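With chain P fixed as given, assemble chains Y, L, F, V, C, W and U onto it according to the hints.
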Amino acid sequence: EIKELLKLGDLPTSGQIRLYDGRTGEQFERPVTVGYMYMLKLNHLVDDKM
Amino acid sequence: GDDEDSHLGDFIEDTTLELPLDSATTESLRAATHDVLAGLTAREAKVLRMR
Amino acid sequence: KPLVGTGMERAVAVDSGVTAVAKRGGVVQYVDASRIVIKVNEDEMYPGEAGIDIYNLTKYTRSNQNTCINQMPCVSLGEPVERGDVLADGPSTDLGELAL
Amino acid sequence: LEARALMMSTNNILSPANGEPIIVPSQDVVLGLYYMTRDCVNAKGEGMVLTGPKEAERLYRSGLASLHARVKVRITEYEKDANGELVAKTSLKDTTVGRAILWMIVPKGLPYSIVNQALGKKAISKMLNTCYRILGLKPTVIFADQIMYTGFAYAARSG
Amino acid sequence: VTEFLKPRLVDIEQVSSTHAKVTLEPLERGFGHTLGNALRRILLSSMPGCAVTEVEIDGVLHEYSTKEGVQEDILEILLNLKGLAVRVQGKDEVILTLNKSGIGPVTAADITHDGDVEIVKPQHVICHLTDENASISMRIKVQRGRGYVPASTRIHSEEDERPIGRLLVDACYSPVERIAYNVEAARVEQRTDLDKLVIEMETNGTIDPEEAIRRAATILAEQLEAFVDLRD
Amino acid sequence: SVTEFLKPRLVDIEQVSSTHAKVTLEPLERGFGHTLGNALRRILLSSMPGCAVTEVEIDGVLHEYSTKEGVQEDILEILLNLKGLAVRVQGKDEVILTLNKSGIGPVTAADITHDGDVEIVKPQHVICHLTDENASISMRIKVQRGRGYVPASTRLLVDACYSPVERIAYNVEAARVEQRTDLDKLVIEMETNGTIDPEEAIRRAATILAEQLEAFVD
Amino acid sequence: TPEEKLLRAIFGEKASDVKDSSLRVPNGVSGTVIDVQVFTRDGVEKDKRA
Amino acid sequence: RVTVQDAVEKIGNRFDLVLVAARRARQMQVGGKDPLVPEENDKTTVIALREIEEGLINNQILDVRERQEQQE
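Protein chains in written order, with full-length UniProt numbering: chain P, 1194 to 1243; chain Y, 512 to 562; chain L, 697 to 796; chain F, 478 to 636; chain V, 5 to 236; chain C, 4 to 158, 171 to 233; chain W, 896 to 945; chain U, 3 to 74.
Chain P with its partners taken away, still in its complex shape:
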């Protein structure tokens, strides 16, 4: 169903698209996995520690 819901968009079923390097602009070999992970800021801050 993930794969189907990818086909609903025009995204690839494999989940791996081909990416280009920012500084040079030459495509990474062997495509990479990019999606939307839901990140959280944990309450371990660097100025509560330094």
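Derived by calculation from the structure, the hints in this document are not laboratory data.
Cβ atoms here follow ideal geometry from the backbone N, Cα and C, with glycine treated the same way.
Mixed in with the good hints, there may be bad ones.
Claimed, not checked - In silico DSBU-like cross-links for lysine-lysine, where the CA-CA straight-line distance does not exceed 30 Å:
1. L:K697 <-> V:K86
2. W:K941 <-> L:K755
3. C:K71 <-> C:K10
Claimed, not checked - A few chain W positions that, by computed beta-carbon distances, are all more than 10 Å from chain V:
4. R919
5. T927
6. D937
Frame of chain P, contents of chains Y, L, F, V, C, W and U only:
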């Protein structure tokens, strides 16, 4: 407790210390007073050192 | 809100006291960054009552961990509500769901 | 002078429990060096005879050849087979393009068979170790840094 | 060999108000990606803009408060004033005034224009007056810069001293949100290997694509002039 | 202001030899390290004119691979030796240079016949070893002009690296001017084959890139 | 001590007698002072801010 | 200075090297002296260690110079 098993006495500070910056400033001012009194005549210097 | 959740988020957000939930359906008589006034549906008036009930939002306040607890209104003027609908999004919720 | 002379990080590189170097590259580095030093049967530019590691790198970076494309490459390796004399010897090896691109970082005294295989994890630790048993501490610190740099670079390019 | 054909922009396509696709037709082999990556990096980095830099709201002390009658915290009103897309014509800063009262949304159309300032998106909603009687007024402070200057680094110590009711919003002077370049073979009767470069730039409305590319090529040729002759 | 950017106030140009150098450009705007280094590397290593050997006829043996006696080095090793022959050709675009030798003396590049328009930067460049007094070899090599690298697959023909750079790599470090510590420090490092010193190839590529941007600068 | 006596005698900046044990912001924090509550005991009268 | 291998080789010990470098760097820093090696804006530590590399400094040399100083 339970943070480090440190009893209460570890956090009571000593407020009678001349902190090393304070002693540094003291002795700097001492040397500066000396090198100022150098720029006075002998009478003025003796009377200001002794007064 | 999480793009990939489970369906637990609304429950965790509501059942905790961060989001201001309606007590009776009605219309949002007046909204504001600090308060929501609801004019109850006449079915739920409790005939002695005046009719409208007020929710005062908890603005920028200090939690135990120095974070900011702050409720934001979700509804808008003249919009219906039903009992159990959230009016104020609490800290780290989004339209009623737990959004960490 | 106790920190500089004694505890500086470029002095302690061997485990004091056992003299194996404690500067083994860990996970992006070894995956970089493995991906680059690992041939496949038919990549771009198969069986070209490059003139040497410089040309293999210039070919790969312009994108004319792939990082694992078995080519004949002319390699000059320096072997201290002497009273520490460092005689030079040039030959024509069969290596991938990445094998030779990586040969550019290896110091003189090391043979060429050190990089001519896939170079997993133990291959890299043994590479640092033979560099230390031949050349000592300064070339090994330089080699370790160059290994980390190239491993991270070709692992990012690995995608 | 003989020589390089120098590229030149054959056409610009305002397929939307903001989305544009320029083209640089004749490019020798290997210069599509050189020019394209350099151009995307310059454009995504160094483009002038008119970020709103402060707000001074009547009756408000800090961002963490609520104005009676407008249903947004002052924090959220400032966050809505961040993305306000404004293009000044003559000065490197300007002080827009926004007066409004009555029940309804407060879009960017509610700001009075100096004539030197053009709000590109006048539908962009700023706040919501949710009171028959409530009234708000701001002195927004647009100014032209480049990059991203947070209020923190902006306030090094101060200019001389800043009054208590003046809020510093985080400035992002960058018209462009997205660059995406395709290089593709160009059907020319003379040579076949030549390719054309096609730059999809996605401004926010306040940068003409031709002026964006010209400014990029100027920023690049400046450094290349610094490179041309060495020196040491 | 808002249009000024920065320029490398200190560009230090080391040279570790006659043909290998290293140029650091200290202060540059943040990220211009890569947008300048990559542009220059791509230009130097993909489109930088120069003359190089393209095809050879070894005068008798065959097409590849070979069977040639009286030459200590197997053929295609002679082709490797020929690819590295750094030649700079005058007004004649292409020229066919013929080399013949007889003896046991090792064959170097000095032994080719002088043609005026063509010059060899390294005449001592070994090409083959005869190894027999009776052994003697003749070859017709063709120097041609082109842009960058052009392999033999795309084309006894040899790969042609016309571009006079044998290797260029650039590294990008950190710099702080007085307060801006997010600045950038370019550290170019290049070796040529001899037709032009490193600093010359660098500025030649910079000029090419500048002229490509000629229809938009103002 | 002397030389402090001599200093204050040369500049006439006589002694305070009163420490500056005041409340200054901790180091590294930079915020807005969003609120101030005051608590005066029933003996202490009150100040203008109170 | 990264690796002190040459300085260690000249003296042939790793604690005595620290001690010799420390006393020479104390001469060069507080007691006041001239580096026997061209200091490239280095602290007295690195100057002392580099000097020990070139053979200009060791314990024998330093005690001999102390003798000469007394003969001053």
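Practice prompt. Compare the structure with the hints numbered earlier in the document and write down the numbers of the violated ones, lowest to highest.
Written response: 3, 5
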